[PDB]
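Number of protein chains: 2
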Amino acid sequence: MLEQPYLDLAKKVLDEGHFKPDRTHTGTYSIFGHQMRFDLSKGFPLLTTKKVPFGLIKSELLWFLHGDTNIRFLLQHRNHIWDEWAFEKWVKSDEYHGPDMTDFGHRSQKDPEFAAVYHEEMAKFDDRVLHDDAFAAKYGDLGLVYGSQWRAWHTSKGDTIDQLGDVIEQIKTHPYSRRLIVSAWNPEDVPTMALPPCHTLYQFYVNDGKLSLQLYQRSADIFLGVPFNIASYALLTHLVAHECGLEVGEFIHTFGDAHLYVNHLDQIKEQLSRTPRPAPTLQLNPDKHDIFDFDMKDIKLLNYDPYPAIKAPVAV
Amino acid sequence: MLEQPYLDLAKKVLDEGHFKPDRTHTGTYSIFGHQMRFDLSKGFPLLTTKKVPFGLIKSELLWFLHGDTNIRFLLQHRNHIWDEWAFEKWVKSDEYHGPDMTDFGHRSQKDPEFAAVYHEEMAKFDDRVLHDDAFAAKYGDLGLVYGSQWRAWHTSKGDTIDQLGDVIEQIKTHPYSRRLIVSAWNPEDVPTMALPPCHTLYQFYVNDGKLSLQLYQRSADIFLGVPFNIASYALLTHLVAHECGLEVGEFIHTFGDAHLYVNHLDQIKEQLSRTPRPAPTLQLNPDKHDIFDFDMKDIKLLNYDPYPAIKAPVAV
Ligand SMILES: O=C1OC(c2ccc(O)cc2)(c2ccc(O)cc2)c2ccc([N+](=O)[O-])c3cccc1c23
Ligand SMILES: O=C1OC(c2ccc(O)cc2)(c2ccc(O)cc2)c2ccc([N+](=O)[O-])c3cccc1c23
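Protein sequences, first through last, are from chains A and A'. A prime marks a further copy of an entry chain.
Numbered by the authors' numbering, the letters in the first sequence go through residues 1 to 316 in order.
Numbered by the authors' numbering, the letters in the second sequence go through residues 1 to 316 in order.
Just so you know, not all the hints are guaranteed correct.
Because identical chains share one entry, a pair is satisfied inside a single copy or across any pair of copies.
Stated by the list, open to error - No farther apart than 25 Å at their CA atoms in a straight line, the calculated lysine-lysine pairs in the BS3-like style are these:
#1 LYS157 with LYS172
#2 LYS269 with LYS20
#3 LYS12 with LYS42
#4 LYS124 with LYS42
#5 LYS300 with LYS92
#6 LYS89 with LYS288
#7 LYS124 with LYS210
#8 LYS51 with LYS20
#9 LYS311 with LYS157
#10 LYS12 with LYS210
#11 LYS124 with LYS110
#12 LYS92 with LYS269
#13 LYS138 with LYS110
#14 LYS20 with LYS172
#15 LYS138 with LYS124
Just so you know, these hints were derived from the structure itself, not from any lab.
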């Protein structure tokens with residue numbers, strides 16, 4: 001089925017993966033150099049062999065398209081994928097007056113009742129981002145994140161490049177250009193960043209009316225991360241196409257380091273013993289055509305009848 | 001043999017390539033999304049099924065390592081690969097007082113005796129870059145080119161990042177980092193550049209002592225360009241390794257748009273009917289270990305017993 005390329009990837013890193021200890025204490029198995037191909041005309045590549053929450057992919061992607069870098073938008077949609085990046089700087093500030101929270105994510109896994117200490121201080125940080133504007137703009141805004149690097153790159157002489165907006169015009173007036181590229185990698189910010197972009201750089205392609213997108217991901221997390229990653233991009237391709245009045249073609253995923261954290265082995269193995277069902281379909285509001293102004297309800301997923309979710313501890 | 005992945009690529013774009021007219025009048029056949037894998041322990045991937053001049057790959061690469069952007073180094077080595085980029089700006093200047101040379105490369109192909117007009121003005125431009133320092137610094141220096149984008153990126157606040165030098169230290173003190181990446185793509189310069197980087201971005205990888213490098217090339221030219229491209233990178237991997245005291249592993253080539261200009265069909269077909277010979281070997285001066293200071297004679301190619309060269313008109 002459509003998601004086969006993903007499953008073949010895991011069956012692969014298991015079989016051929018060189019053991020590679022890393023940044024965190026949880027070790028991995030990793031490979032260098034992989035490419036996946038998904039024909040978007042056979043259905044939106046959302047996994048059926050495991051329940052991936054589509055809703056969160058939308059909430060995040062539209063955040064990106066909006067040039068947004070403030071977590072509030074996410075919290076205001078129940079999305080909590082970037083909390084830790086901001087909360088981190090909040091526990092560091094000489095304004096924050098509460099518990100230790102030193103490299104917290106790890107203590108919450110070896111969790112004494114301190115997990116509730118964490119989720120407690122998190123609950124307040126979240127409420128204060130929603131309701132207190134001043135707090136939201138100060139500690140909610142990440143600054144360097146996809147939304148801005150895509151749609152607000154800063155030049156040497158004080159301005160801001162809307163990379164995506166520009167490339168979209170290029171697709172429209174120069175669809176065959178071999179330069180339809182957007183990058184999230186900036187050599188000047190990378191030496192000090194927390195999480196330098198994993199989804200490093202992407203390229204569009206137009207042929208016989210069909211849009212195709214290749215994504216270079218220097219880092220991947222096969223069990224937890226990849227299923228989402230595939231989705232944001234299959235989705236981003238459709239949006240780009242919807243706007244450009246183009247049909248949809250393929251999504252070619254490229255990997256630098258693709259890995260399986262050692263404590264996801266069993267879960268991934270158990271997933272491999274699941275036969276996939278027919279892939280879902282996507283419905284993009286046919287009246288709206290300028291995706292930047294798109295909102296949640298302009299994206300629909302049909303026939304997503306996945307198997308249940310697979311609980312797997314986060315790697316830290 | 002070792003170069004098989006290249007041959008399979010051409011046999012492929014022929015078989016599956018969608019016809020795609022482009023920037024130039026010479027049309028192409030192109031595909032989106034390809035990856036090649038070369039095990040550098042079976043020999044340096046220089047084509048035997050066609051005589052690729054290794055010498056030029058060296059002269060250019062060391063130019064890069066030197067942070068050099070001035071053509072003089074090349075002309076002073078018989079390398080003429082970047083002439084046109086500079087000469088172009090020379091024929092444009094209100095100092096240049098000679099023939100028209102309007103988009104010249106094309107007239108030199110539909111060449112009236114004007115080809116000699118071109119090569120005439122070129123002969124003077126070249127001599128004046130070698131012997132006249134002031135002219136060399138003014139019209140020889142390209143400014144935005146690999147040597148500087150690799151080893152002299154400019155920040156917003158006035159300075160310069162030695163990307164490569166830095167990442168090399170990273171390999172040495174943090175070999176497993178999944179961030180060993182260097183980019184030649186800068187969103188701010190790309191909207192006006194002549195030739196924005198084809199070799200867009202590359203990543204290193206260390207596992208079990210072996211160094212591996214993946215290269216994302218948004219644009220490739222299967223007949224003329226690719227054979228060189230593979231070489232510069234197989235070479236760059238060895239150098240990086242020589243310095244880091246690491247063994248050599250693989251060179252994974254990744255392609256965005258890979259194409260065969262319609263007027264290289266016959267030549268490539270004729271090449272496909274050639275059986276490859278055992279791959280050559282590379283000898284890197286064992287006493288020198290800081291590649292930046294490397295010079296031509298510190299790189300040796302052995303057993304390169306290729307077939308003859310294949311003349312094919314340049315695409316314009
Ligand atoms: O290595 C990570 O890092 C972050 C992370 C790291 C430290 C921290 O205190 C908070 C979050 C991460 C950080 C910033 C980002 O831009 C994206 C991810 C992370 C967030 C969410 C998930 N997940 O599983 O959903 C993650 C899964 C694997 C690895 C990371 C990971
Ligand atoms: O499309 C090209 O462009 C350049 C080019 C374009 C216009 C011009 O007046 C002079 C040169 C090129 C330009 C700048 C570069 O940084 C690299 C290549 C070029 C130089 C050398 C070769 N070859 O075959 O050796 C080329 C082969 C294919 C395409 C180009 C090509």
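So, going through the hints one by one against the coordinates:
When the C-alpha separation of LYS157 and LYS172 is checked against a cutoff of 25 Å, the pair qualifies neither within a copy, at 28 Å, nor between copies, at 35 Å. In the homo-oligomer, the alpha carbons of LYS269 and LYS20 lie at most 25 Å apart inside one protomer (19 Å), although the nearest pairing across protomers, at 43 Å, exceeds that limit. When the C-alpha separation of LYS12 and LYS42 is checked against a cutoff of 25 Å, the pair qualifies both within a copy, at 24 Å, and between copies, at 23 Å. In the homo-oligomer, the alpha carbons of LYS124 and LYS42 never lie at most 25 Å apart, since the shortest distance is 44 Å inside one protomer and 59 Å across protomers.
Taking the closest pair of Cα atoms, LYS300 and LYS92 never come within 25 Å of each other, the shortest separation being 40 Å inside a single copy and 54 Å across copies. In this homomeric assembly, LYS89 and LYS288 never come within 25 Å of each other (Cα to Cα): the closest approach is 38 Å inside a single copy and 46 Å across copies. In the homo-oligomer, the alpha carbons of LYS124 and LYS210 never lie at most 25 Å apart, since the shortest distance is 47 Å inside one protomer and 48 Å across protomers. Taking the closest pair of Cα atoms, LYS51 and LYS20 never come within 25 Å of each other, the shortest separation being 28 Å inside a single copy and 40 Å across copies.
With identical chains, the CA atoms of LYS311 and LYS157 are never at most 25 Å apart, being 48 Å at best within one copy and 46 Å at best between copies. When the C-alpha separation of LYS12 and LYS210 is checked against a cutoff of 25 Å, the pair qualifies only between copies, where the shortest distance is 20 Å, while the shortest distance within a copy is 30 Å. Proximity of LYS124 and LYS110 under a CA criterion of 25 Å is satisfied intra-copy only: 23 Å inside one chain copy versus 73 Å between copies. For a Cα distance limit of 25 Å, the shortest separation of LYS92 from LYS269 qualifies neither inside one copy, at 39 Å, nor across copies, at 64 Å.
Taking the closest pair of Cα atoms, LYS138 and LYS110 never come within 25 Å of each other, the shortest separation being 31 Å inside a single copy and 63 Å across copies. Proximity of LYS20 and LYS172 under a CA criterion of 25 Å is satisfied inter-copy only: 16 Å between copies versus 44 Å inside one chain copy. For the homomeric pair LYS138 and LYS124, the shortest alpha-carbon distance inside one copy (15 Å) is at most 25 Å, but the shortest distance between copies (60 Å) is not.
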